[PDB]
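Each chain is listed here by its residues.
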Amino acid sequence: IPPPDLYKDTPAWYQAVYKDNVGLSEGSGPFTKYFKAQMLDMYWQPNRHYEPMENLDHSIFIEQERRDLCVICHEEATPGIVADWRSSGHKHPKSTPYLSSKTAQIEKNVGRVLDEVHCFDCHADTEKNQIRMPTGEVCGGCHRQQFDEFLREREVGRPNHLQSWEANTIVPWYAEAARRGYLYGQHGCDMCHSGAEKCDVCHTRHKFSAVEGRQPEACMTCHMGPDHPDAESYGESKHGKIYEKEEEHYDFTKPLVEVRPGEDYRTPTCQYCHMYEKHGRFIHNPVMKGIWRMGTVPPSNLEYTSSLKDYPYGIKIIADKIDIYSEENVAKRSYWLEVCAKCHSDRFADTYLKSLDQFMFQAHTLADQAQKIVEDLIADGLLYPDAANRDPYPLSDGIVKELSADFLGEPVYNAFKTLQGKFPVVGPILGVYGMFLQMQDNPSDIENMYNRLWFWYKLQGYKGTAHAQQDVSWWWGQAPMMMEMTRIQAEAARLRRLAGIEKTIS
Amino acid sequence: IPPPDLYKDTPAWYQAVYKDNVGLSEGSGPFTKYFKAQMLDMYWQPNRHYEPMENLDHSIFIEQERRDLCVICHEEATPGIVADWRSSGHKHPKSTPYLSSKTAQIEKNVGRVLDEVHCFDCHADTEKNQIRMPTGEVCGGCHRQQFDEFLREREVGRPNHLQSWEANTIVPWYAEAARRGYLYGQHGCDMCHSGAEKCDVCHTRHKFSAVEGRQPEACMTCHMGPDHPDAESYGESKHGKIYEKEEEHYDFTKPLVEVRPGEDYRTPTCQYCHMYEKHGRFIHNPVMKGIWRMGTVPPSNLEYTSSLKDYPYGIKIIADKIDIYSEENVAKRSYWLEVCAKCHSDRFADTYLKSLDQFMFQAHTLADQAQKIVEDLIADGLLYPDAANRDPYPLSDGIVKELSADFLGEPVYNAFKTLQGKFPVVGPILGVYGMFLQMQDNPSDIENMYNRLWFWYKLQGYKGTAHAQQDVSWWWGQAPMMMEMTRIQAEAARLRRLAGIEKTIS
Amino acid sequence: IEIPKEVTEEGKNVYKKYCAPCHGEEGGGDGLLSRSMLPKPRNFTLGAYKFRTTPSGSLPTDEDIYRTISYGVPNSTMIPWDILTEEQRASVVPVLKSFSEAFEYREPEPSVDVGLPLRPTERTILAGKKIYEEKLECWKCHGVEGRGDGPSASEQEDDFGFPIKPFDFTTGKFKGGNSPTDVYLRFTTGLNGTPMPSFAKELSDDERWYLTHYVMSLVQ
Ligand code: HEC
Ligand code: HEC
Ligand code: HEC
Ligand code: HEC
Ligand code: HEC
Ligand code: HEC
Ligand code: HEC
Ligand code: HEC
Ligand code: HEC
Ligand code: HEC
Ligand code: HEC
Ligand code: HEC
Ligand code: HEC
Ligand code: HEC
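Chains as they are written, first to last, in the entry's author numbering: chain A, 48 to 553; chain A', 48 to 553; chain B, 35 to 254. A prime marks a further copy of an entry chain.
Incorrect hints may have been included.
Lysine-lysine pairs mimicking DSS-like chemistry, simulated, CA-CA at most 30 Å apart [said to hold, decoys possible]:
1. A':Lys292 x A:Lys141
2. B:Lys51 x A':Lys401
3. A:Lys292 x A':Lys401
4. A:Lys292 x A':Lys292
5. A':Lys292 x A:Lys138
6. A':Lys285 x A:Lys141
7. A':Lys379 x B:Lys51
8. A':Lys379 x A:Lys83
9. A':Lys301 x B:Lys51
10. A':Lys254 x A:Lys138
11. A:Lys301 x A':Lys292
12. A:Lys288 x A':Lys379
Computed list of chain A residues with no C-beta within reach of chain B, every gap over 12 Å [what the hints assert, rightly or not]:
13. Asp162
14. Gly242
15. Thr251
In case anyone wonders, no lab produced these hints; they're calculated from the structure. The C-beta atom is built at its ideal place from N, Cα and C for all residues, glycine as well.
Chain A on its own, in the form it takes in the complex:
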């Protein structure tokens, strides 16, 4: 059986820029040569960026297989790590019938006896006699079923945890920010997209508690904020309020497939809703049933007035328009209804999720109307300063040099090669760069107003509507979306008013 490989079914160019171990001497992705990795990428993305220790040589403890000395020293050097490890199922893997049962199957799969899982097992590289940061590939050596079900996130595409480090550094405005001296301004980015090679991200480090991985709080350090208020929308919903006040009577020791709805959980968790796969079957990843995925990709069931009618502009990389009523998504919706039907009527659940669809249709319509206003100003040459007197699209030189029509299609790449990126890019997926980085008069004021409309307030109302939080739905969502439309119209009228004066002054 092939050893666990996180980069299975990936081309050699992709593994050369994402898996092959550079030090901190280089970046990652197609623009790896345009920036250098942040220091903590040793720990966030070990395969690509980890470097060996430099202070105390650990080789002699590995070379003579002195597992005991790892504990004797770190018992006093880092007592917290040992206290976690001594309390984990890795130290006591045969202490309960459940633990003894899962351990027995693992012993057969690895051909070894496992009375304990030691620091040596996770950290000691035997061939090179060096200390190692264990990626998911090491964990998959024993937990092969969980590794493969995690690997199945590739089947639905981005966004997901498997390809999390890809999305971080593949966008061109990451390297551009590092070019201008703001590499470490993206500190939270590398820390939040680190769930690609680290399996300690939900069930945290050295306790590795399935109980902790199953409670909703394990996801809330990452899933919060203006572009995905998942923690706030769930936590403040009736589902979350009941969980927070009845958590003592929730049995988190039971795996999800054994959880009796109503008796073990009164209200569902993030893991119960999202790790459900279909037809009473659960899976060790939360992304299989996504439909409106992030709330950014426009649905194909709408007729747009802006250039969204031509999205995704022949770009092979980014996702095409989502068909909400496709056979695949209707089945996905039915899988959701199987979850909700355990505590609600099908009618009440289907009526609610149909309202989620209606909110998203009108929200994407509202965003399209705002994008039409911004693009008409561009077409009328009222953008000030114009594309000629402002910085180009972020990393336009690297896009031309590193990408091709194989990535972006002929019309999109031809414009970059011909105009060297001296044109505006507005709207879903690739127009969001201004959310992250401000270059010389690029973006303008009105472009980031629209950006906040479709990437902040549409997404907050989306997550509030989907997670049954009425305040997040309206007051973090629709109402701020209407307010940016107010600012966009006033700015459009302001730019036309100024131009109407610059003409009658000639």
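Keeping the supplied structure of chain A fixed, place chains A' and B with the ligands upon it in accordance with the hints.
Below, chains A' and B with the ligands without anything else, positioned relative to chain A:
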């Protein structure tokens, strides 16, 4: 042994405006004559502003030492206060070996027997036969060690709790807001900066529980919000998520020096991280190890393009540029690493805190670039309205009358005396007045955009990076900082565009 | 085996590879990892060794140092170095000695004579309890039960200027060894560099066995 004095080593002018008891008839600080105190300052700052009761005379109960009548009446008048007090260690000070031990040493220090600590002990002024709001000076009469360690906050300077009421009323825009009728708009200010004479601020009133003082929630009523999101950044970090979900197994009955890292706390608290002093020694104050203190003072390790290159402009009061790599701050960083090394490797901890430094260097650089844009508009006379046709700096008449070159230096005071404050003040520490008060066209729109950049979004990303919360670091921090830079550039281009028309109309 | 007086190239390398990261390149207890380490690694330049068979103030014998290297120091990152060979541990003894001028001018005092360990009884334990709590008031630093939470505990400091709060020894993991002879040795020799003095003069041989028996009684 000298009686406890919160104002030790303070000049007579400072005690005359901060300690000497005016009623509610006057303010406090150098501008005490320019405003009057809010009503609740009787309770927030008792030494300066408390006044005796006026409804029910308490003298006869004090004059005949009727401690029993205090309880008999307030048992029914304010049952909550008695219920707290009956449950506190002050009512039962010899109920545990720990309590009995600390009580015995206190009995020796005060020459008295303490079978209970009564309302009489904390509230009854014996000389004047009146009721008193006990300041820290009364508490220090018995808890002399804690009072002195709290008094040691003076060694690092502002910000801190000891000088909290100073910072509140010493800034000129406090009295100016009161001049214009917005004194009580600063209701939260007096309430949050009340931790200077009130020792019930972490361990709350009449229960005075060391268990409550040691849990992180005791600090979160004050340490939250847009200029210091400490509660949100910690609470939503893995440190805080693990504490909130494992709090039942945290032993808050143990003093911090007895807390075993990993076994008693799995993740640290605000008190564990901040009340650590050095080399395994703890102290009863959280401010001794601050380096980037608030995130506002520019570091000396950067070359600035705006007037930050001349900060602090010869002003004796405000703090000078922080040397991140001074001998003092390298030692402070090593004390931090002693805390983190209890549950992390030195490398992982040092790598992370070095990333905190890198984030702050690039964030202060980003703020300096924005300040250059605003100041160039001022130098080019494009600020509309100009300093001549708008209100002066807040309380410019009181600054000239009450301050001198001893406070602000000759060049800064000379400009105030000559120009009567009709000039802009932009950037760190003294330019933040527009954050608090809006005068007649002062500040302008772009000045408060920059103010939100360096006083809100730089500080939120700072606290998110320092407290290991990736969402607060990027989405509350860097990304909004870039967005204000977008607004600042568009406004600068807007003001230059308008002026380019007002010239070709002559 | 035989511990050399001469310094060898092997001794330099063993110290370099296995001791310098903590104790420093020149034995100053100032390796990089010492900044975040508690207890701090020993500063060999002072010639002050906690664990000896020699009286208070004396240098350690070459055998005292070799013993500490082999056994390690519990309640610290000082692991046993039985992983290293007999010769390797012996070749670093002079390297540690070369860090302090005191080794070149003075000779280590003669080792004390342990004698025969007295038989622990209910009588000997109570005689040690009396010494521990009344005659010498050891609960000042160590507490009534030996938890290290006495009134004077938090304020204790090294001769190197570092906080040395007496660790809780009720676990039975004494730094010099958990043997009754080891604990008796500490009370007879004193811990050089720490406020823990020698009681060879305040107490007789029998009284320190009484005291040892009561200290062992406080273990769980
Ligand atoms: C005392 C001599 C130790 C022994 C024996 C072991 N470890 Fe260690 N370890 C120790 C220290 C003081 C440090 C910090 C090093 C630094 O540069 O700060 C470490 C570090 C580690 C790490 C972290 C690696 C990283 O990149 O952060 C790991 C994963 C680790 N140690 C594991 C480990 C193993 C498997 C051991 C037995 C072979 C072992 N350690 C022994 C102290 C000591
Ligand atoms: C072989 C030595 C393994 C390595 C490599 C990893 N794990 Fe493990 N783990 C192993 C066993 C035999 C057990 C006990 C039986 C069981 O599977 O439950 C475990 C336990 C866990 C658990 C659950 C423990 C609990 O809930 O108390 C988790 C969540 C877990 N392991 C995760 C995990 C991670 C993240 C790993 C990479 C760092 C990893 N395992 C490696 C065996 C082995
Ligand atoms: C935790 C708060 C994160 C921070 C900090 C950053 N990212 Fe992220 N990102 C995060 C989540 C949870 C999601 C998906 C949310 C959902 O409901 O789908 C995303 C999404 C993206 C995307 C688009 C999705 C994709 O194409 O894969 C991109 C391109 C992306 N993130 C990149 C990115 C950058 C450039 C960041 C800072 C420089 C950054 N992320 C920070 C989680 C978090
Ligand atoms: C049942 C009430 C759920 C709870 C509990 C959680 N989520 Fe959820 N989520 C749910 C639905 C029905 C949807 C919309 C699905 C659709 O596309 O039609 C979502 C959406 C998300 C997403 C976007 C991915 C997607 O499925 O479209 C994310 C990233 C997400 N939710 C995160 C999340 C978190 C962090 C939760 C715990 C705080 C959580 N969800 C709980 C249903 C339910
Ligand atoms: C009075 C105490 C009730 C008892 C007895 C039962 N239900 Fe109920 N139900 C009640 C209320 C106040 C509501 C909400 C009304 C509204 O307009 O919102 C409901 C709703 C339902 C639903 C609707 C869908 C859903 O919320 O899941 C269903 C399917 C439902 N109730 C089922 C149900 C069953 C099976 C009962 C017997 C065990 C039952 N209800 C009793 C009030 C009361
Ligand atoms: C199995 C044949 C059932 C019997 C017997 C009862 N109920 Fe029912 N109920 C059942 C299903 C499969 C559904 C879903 C219907 C849908 O359209 O999705 C329901 C629905 C309800 C509801 C919800 C009504 C709504 O508007 O959502 C309620 C309040 C309800 N049922 C109550 C109810 C009562 C009072 C019953 C005894 C007379 C009863 N149900 C029997 C399945 C079955
Ligand atoms: C002499 C009568 C005292 C006055 C004046 C103050 N305190 Fe006190 N306090 C005193 C004793 C003898 C004790 C019990 C022993 C001990 O020190 O713990 C206490 C107790 C406390 C505690 C801890 C109680 C607990 O955790 O259960 C606190 C936090 C405390 N005291 C604070 C405190 C404050 C805020 C005071 C001013 C209002 C104050 N003390 C005055 C003795 C005396
Ligand atoms: C609680 C939410 C507060 C409110 C309301 C006000 N202040 Fe404050 N202030 C508070 C904290 C916790 C801090 C420091 C945060 C940090 O991480 O350092 C501050 C800081 C100041 C400062 C600058 C620091 C100094 O020079 O001492 C000033 C000048 C200040 N605060 C004054 C002030 C004013 C004028 C307020 C309203 C009118 C006000 N504060 C409210 C806590 C809180
Ligand atoms: C360990 C993970 C900590 C926890 C738990 C808390 N804080 Fe913290 N804080 C920590 C560090 C390493 C720093 C940066 C120190 C530096 O200057 O380099 C901070 C910063 C602060 C500050 C600013 C003062 C300063 O030290 O610079 C404040 C006011 C602050 N933190 C408050 C705070 C609160 C309220 C906490 C509980 C919610 C808390 N901290 C926990 C480390 C850690
Ligand atoms: C024991 C009380 C700890 C102290 C002291 C410090 N940390 Fe910690 N931290 C601890 C645990 C048990 C965890 C969970 C591990 C995980 O898988 O997340 C953490 C987490 C962190 C992280 C995030 C780790 C990640 O993989 O994302 C960081 C960046 C972190 N801690 C930093 C940190 C710093 C700077 C500390 C000193 C101020 C520190 N930690 C102390 C436990 C403990
Ligand atoms: C598999 C279940 C592991 C066991 C057994 C041990 N560790 Fe671990 N370690 C593991 C993971 C998944 C990680 C994070 C990897 C990443 O790239 O983020 C770590 C990391 C560490 C570190 C790094 C610094 C830190 O986070 O504090 C250290 C110092 C460390 N681990 C120490 C350590 C010790 C002493 C162990 C034996 C008690 C041990 N680890 C076992 C996974 C596993
Ligand atoms: C303060 C001056 C102390 C007095 C009085 C007593 N002891 Fe002590 N002791 C003190 C310190 C600072 C240390 C070293 C702690 C460290 O971390 O190195 C000690 C050590 C001990 C030990 C441990 C011996 C070992 O091999 O680990 C013991 C058993 C001990 N001390 C006992 C003891 C007795 C019997 C005392 C009364 C005669 C006594 N101590 C007083 C500080 C102080
Ligand atoms: C930080 C690591 C976390 C942790 C603790 C959780 N999530 Fe996940 N997640 C994270 C990122 C950076 C991304 C997107 C990566 C990319 O851009 O490619 C995701 C993605 C998801 C998704 C997919 C959303 C979609 O399809 O649009 C889901 C459904 C999801 N995350 C759920 C989820 C759950 C249930 C968690 C707790 C068990 C959880 N996340 C934790 C980062 C992180
Ligand atoms: C309200 C009273 C609180 C309480 C409950 C806590 N803090 Fe403190 N704190 C408060 C103020 C108003 C200030 C600044 C005062 C000034 O401007 O001079 C502070 C300051 C701090 C600091 C210093 C920050 C720096 O050096 O830049 C720290 C480190 C701090 N506070 C920590 C802290 C902790 C750990 C608390 C819980 C035990 C806590 N604060 C509570 C106001 C208040």
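Verification of the hints:
1. With a C-alpha separation of about 25 Å, the suggested pairing of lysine 292 (chain A') with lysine 141 (chain A) holds against the 30 Å cut-off.
2. Of the pairs offered as hints, the one joining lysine 51 (chain B) and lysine 401 (chain A') holds, with about 27 Å between alpha carbons and a cut-off of 30 Å not exceeded.
3. A C-alpha spacing of about 40 Å is found between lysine 292 (chain A) and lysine 401 (chain A'), which places the hinted pair above 30 Å, so the restraint is violated.
4. Distance restraint check for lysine 292 (chain A) and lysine 292 (chain A'): the Cα-Cα separation of roughly 13 Å lies within the 30 Å cut-off, and the hinted pair is therefore satisfied.
5. Restraint check for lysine 292 (chain A') and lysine 138 (chain A): satisfied, since their Cα atoms lie roughly 22 Å apart, inside the 30 Å limit.
6. At most 30 Å may separate the alpha-carbon atoms for a hinted pair to count; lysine 285 (chain A') and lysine 141 (chain A) meet this at roughly 28 Å.
7. As the CA atoms of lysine 379 (chain A') and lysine 51 (chain B) are separated by approximately 29 Å, the hinted pair is consistent with the 30 Å bound.
8. Between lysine 379 (chain A') and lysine 83 (chain A), the direct Cα distance comes to roughly 29 Å. Compliance with the 30 Å bound is thereby established for this hinted pair.
9. Distance check on the hinted pair: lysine 301 (chain A') and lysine 51 (chain B) sit about 40 Å apart at the alpha-carbon level, beyond 30 Å; violated.
10. Restraint check for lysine 254 (chain A') and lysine 138 (chain A): the C-alpha separation of about 41 Å exceeds 30 Å, so the hint is violated.
11. A C-alpha spacing of about 17 Å is found between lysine 301 (chain A) and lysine 292 (chain A'), which places the hinted pair at or below 30 Å, so the restraint holds.
12. Between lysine 288 (chain A) and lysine 379 (chain A'), the direct Cα distance comes to roughly 42 Å. Violation of the 30 Å bound is thereby established for this hinted pair.
13. Under the 12 Å C-beta cut-off, the non-interface status given to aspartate 162 (chain A) relative to chain B holds; the minimum distance is some 23 Å.
14. No Cβ of chain B comes within 12 Å of the Cβ of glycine 242 (chain A); the nearest lies about 28 Å off, and the non-interface call holds.
15. Under the 12 Å C-beta cut-off, the non-interface status given to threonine 251 (chain A) relative to chain B holds; the minimum distance is some 22 Å.
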